[PDB]
Amino acid sequence: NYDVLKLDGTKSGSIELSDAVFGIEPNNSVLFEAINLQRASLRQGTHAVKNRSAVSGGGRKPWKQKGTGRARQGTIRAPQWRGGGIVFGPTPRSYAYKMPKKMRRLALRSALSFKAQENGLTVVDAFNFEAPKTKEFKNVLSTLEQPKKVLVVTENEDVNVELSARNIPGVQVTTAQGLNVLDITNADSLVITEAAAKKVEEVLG
Amino acid sequence: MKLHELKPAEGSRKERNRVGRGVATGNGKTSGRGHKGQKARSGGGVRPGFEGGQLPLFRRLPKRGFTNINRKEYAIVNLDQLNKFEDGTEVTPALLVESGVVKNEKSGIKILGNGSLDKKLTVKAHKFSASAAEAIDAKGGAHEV
Amino acid sequence: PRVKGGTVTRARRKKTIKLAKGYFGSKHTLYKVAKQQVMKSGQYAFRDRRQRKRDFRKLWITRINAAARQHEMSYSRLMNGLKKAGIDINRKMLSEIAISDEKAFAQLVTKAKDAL
Amino acid sequence: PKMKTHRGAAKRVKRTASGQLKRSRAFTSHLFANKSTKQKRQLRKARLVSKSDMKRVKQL
RNA sequence: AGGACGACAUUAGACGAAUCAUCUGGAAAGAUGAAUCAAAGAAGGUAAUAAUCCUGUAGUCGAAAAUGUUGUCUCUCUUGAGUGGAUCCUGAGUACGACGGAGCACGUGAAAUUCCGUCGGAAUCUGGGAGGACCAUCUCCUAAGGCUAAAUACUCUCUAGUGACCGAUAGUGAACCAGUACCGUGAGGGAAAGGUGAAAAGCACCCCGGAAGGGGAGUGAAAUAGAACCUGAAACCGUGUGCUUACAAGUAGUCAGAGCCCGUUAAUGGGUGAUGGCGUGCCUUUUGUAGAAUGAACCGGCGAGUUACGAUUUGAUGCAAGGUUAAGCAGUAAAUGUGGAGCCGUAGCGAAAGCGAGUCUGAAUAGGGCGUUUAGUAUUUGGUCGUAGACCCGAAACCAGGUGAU
RNA sequence: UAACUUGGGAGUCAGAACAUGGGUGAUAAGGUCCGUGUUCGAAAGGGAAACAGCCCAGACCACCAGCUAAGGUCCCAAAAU
RNA sequence: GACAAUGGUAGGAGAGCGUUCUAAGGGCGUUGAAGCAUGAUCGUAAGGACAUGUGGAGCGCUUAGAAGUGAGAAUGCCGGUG
Ligand SMILES: [Mg+2]
Ligand SMILES: [Mg+2]
Ligand SMILES: [Mg+2]
Ligand SMILES: [Mg+2]
Ligand SMILES: [Mg+2]
Ligand SMILES: [Mg+2]
Ligand SMILES: [Mg+2]
Ligand SMILES: [Mg+2]
Ligand SMILES: [Mg+2]
Ligand SMILES: [Mg+2]
Ligand SMILES: [Mg+2]
Ligand SMILES: [Mg+2]
Ligand SMILES: [Mg+2]
Ligand SMILES: [Mg+2]
Ligand SMILES: [Mg+2]
Ligand SMILES: [Mg+2]
Ligand SMILES: [Mg+2]
Ligand SMILES: [Mg+2]
Ligand SMILES: [Mg+2]
Ligand SMILES: [Mg+2]
Ligand SMILES: [Mg+2]
Ligand SMILES: [Mg+2]
Ligand SMILES: [Mg+2]
Ligand SMILES: [Mg+2]
Ligand SMILES: [Mg+2]
Ligand SMILES: [Mg+2]
Ligand SMILES: [Mg+2]
Ligand SMILES: [Mg+2]
Ligand SMILES: [Mg+2]
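Protein chains in written order, with the UniProt record's numbering: chain F, 3 to 207; chain E, 1 to 145; chain Z, 2 to 117; chain X, 2 to 61.
Computed beta-carbon distance windows for the label pairs:
1. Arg51/Z <-> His49/F: 55 to 61 Å
2. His4/E <-> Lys135/F: 31 to 37 Å
3. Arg62/F <-> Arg47/E: 34 to 40 Å
4. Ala94/E <-> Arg107/F: 26 to 32 Å
5. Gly26/E <-> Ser42/Z: 23 to 29 Å
6. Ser42/Z <-> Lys5/X: 57 to 63 Å
Because the hints were derived from the structure by calculation, they are not lab data. From the three backbone atoms N, C-alpha and C, an ideal C-beta is built for every residue, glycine too.
Construct the entire structure; sequences and hints are all you get.
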């Protein structure tokens, strides 16, 4: 209930502002219907086959009936020919359901409370640099040490932090109102500015 | 929690049986239909409620009634729900909505009485019931019907 | 995601053909008839393992009764006297005594005859 | 497409759990016994609501 | 109602940062070690798997010309507000009506509004209609003349993209000089057929044969990769072989067990079988089948409960007398923020007026039927229904629109 | 050791032979039609020479173990000339 | 250690292996991948392995999703061979 603050290599003054959003015991089965939701929503279902109707040809009736001594076969493009016609193909559809608006926040206050209640969180003070230098950020990730998967969060925008750190494998730079739930449990280390940390309890609680 | 070891809910994912996929499933070669007849054919199924030529249950019974054109549906707030607030100022079709009690009252908000008033409250309703209008004048309070 | 039967079949039928060797002619080379013959061969195997217990205590009854009347005793009067003698032996032993070593069985027939 | 009720349900009123018919054989002959003409009230339908509870679903 | 004065977008293209060394290898992009750019770790190619080898990407620039948006000015154009209303005009064979008929969700019925056909046929501001026939009163609005952008529906194409979409019996019929060979007089039907290698290095020469082919040599990491060419399974036709067969009655096995040959993923070992018991294949269909009932020549490959929208049910998970968003608008075609119009539930009874913890029939406070004492709600995994072709495969047959008297 | 109330999911509405009470038939049928039991259908084994319906008895799998039921005991073929 | 229960069609109810793809984690691959052939091995079933040949480049294993998911019959369709 008191997260310690660092700035760019140096300890400084810290806050306690982690009360209800950071500290709930994580309700795991709420998360499993939220991590499954988004990843079954990213993808554009666009896949079709042409069934027995829309193939070309087939008005002929090849054998007649009685007399010839073959099957009672009907057209040329029935499914059991080597021609087309597929009886049960994939209809182009959409993969999208929704949870109610209370459950839709209770996963997200459970996702980052999985970070803070056990093994891993860090709040840094803000940091600006005008010219986009990738090397001046890979420098920073190894001082205050994080593993390969790491998530930085600006308060509403960043003309450089959104535009640096876009080359390194394992880094995502997300504005604090774009906080989804897959990446925040895909990562292992939240490193956030101190300006947005006061806002996320003022917007999720 | 983490991605690589996520476990589902506790008795919530059951996998659906593919029917007619082997003799050793319990649905073999005929997949639950039977042997022959009307039900076992593809797409067959009788319309619901059809006794087979014998006229259905909704031909013997006779019809009666007509609804209305104006059937004013009072949003029936009971008298018990008022035992939550205080100062006894008013109850109001602008306020009794926005304390969450009533929503989308069609026309008129009648006070049916099946609780306990328990307060010298002042109302302002649309129209009343007979027994509940005694309960408001029991402990003391006027209105505007 | 279309999936076709890529080698869930020919890795399955070549553990029937390989499990069916030495059958005559064209019932060891090809699936659709040799699946039937192995499918009876279990149905026999469940049946006749209830014949080895119905055949070998039909063998021993011959080779005891062949050796019982080499001592003026029929088989039926023998095991009546043998049970009255309080002898809890099988038949498979009473065979295997009476064919390797007569001199044991030479007095065993006496004890049953002497209870009567 | 939404489930389409059929309007033979001008002949039944949802009580709070069960249906409510109106008893048959009303008009067209009254050369009929007198205490049986006295039976003109209504009864709830029997347990053949198995055969019709996908037909009358939106009267609720 | 036409047209000169002046910023962008298309139709070609530029520049574009960062690496070596060893090892196995035919050859490294691989392994191990030492480095470097990064607004560039999209993607493909290069003798294997490359951020730093090539083409590229991020970010920047360019346009003689010719069109499209267009900003500005220049031009055309152009008077607009009030009062008196003592007179004058406001869309004629029209609106309507009778008669048969179509459309309005509405089958001529109690039938307004709407258009066409035939025939009769008004009044004009105290007018004229319309408020589900019609009359009265009250509110609303002025037909029988015209014109009109945006929200919205579509892709044979064009530009740039994406895919829990297929990888040659799949995907379009058509990857392959496809609506082509080919069948029909005709209208119209309508196929099969992809892969040498890194590079053609595509076998110089010697030998048998007329040639085709073939054995050596030779290229190549590999020709057991030879232009029917990667990989090469089954049916099936063959070659010498270890055991076994010419006195025998057979749904072809299985369980005993002799003799001779071989030695294993080393285990109560593998192959062969002189002789005894035991015994009428499989599936569909049946009161019943070895059945002389049906179906299959054999081996491969393809080939049958699916999806959207709803309704009801149990199982799950949020919240609790409360639960809940639709369309839209912002946003990695991010599933998250807002939107409380609505739906369901907290109270039912009766056809209805209406009444209310109780109503209804009823002359009754009598007796009855249905209620009251509280759990509903939103999403989703299952089982089943309904509308769609809705487990697949099969009919003679109907109705449109055409091609044929050789 | 069942029964009943409620709620999801069906399948059957072509039966057959024996043993007995009956109608029809001719005290004819492996006939047809009812009652009532069993077995088969949906049940493999042992006996009835072979033989869905008769006679014993209900198979979770192993073993070269013992008693017994129905039918049998000179030989084919286990057991008494 | 007991104690009982386990024939079975139509049909109802549970637990399961395998195939193709994606997500995340973690690996094996010119000192030889997937398929192909052969073998006396392991699990109660569907099935899982491991050596040895042939093969020349892209695969497994755990967790969790989505389905064009399994072949012996349709006088089935197509290609081969009797
Ligand atoms: Mg079954
Ligand atoms: Mg079958
Ligand atoms: Mg049926
Ligand atoms: Mg059938
Ligand atoms: Mg039938
Ligand atoms: Mg059909
Ligand atoms: Mg197949
Ligand atoms: Mg360049
Ligand atoms: Mg470069
Ligand atoms: Mg008319
Ligand atoms: Mg191929
Ligand atoms: Mg060609
Ligand atoms: Mg060489
Ligand atoms: Mg071969
Ligand atoms: Mg014979
Ligand atoms: Mg049957
Ligand atoms: Mg025959
Ligand atoms: Mg045939
Ligand atoms: Mg002529
Ligand atoms: Mg008889
Ligand atoms: Mg009977
Ligand atoms: Mg029974
Ligand atoms: Mg017999
Ligand atoms: Mg015999
Ligand atoms: Mg069973
Ligand atoms: Mg089931
Ligand atoms: Mg594969
Ligand atoms: Mg076949
Ligand atoms: Mg034929």
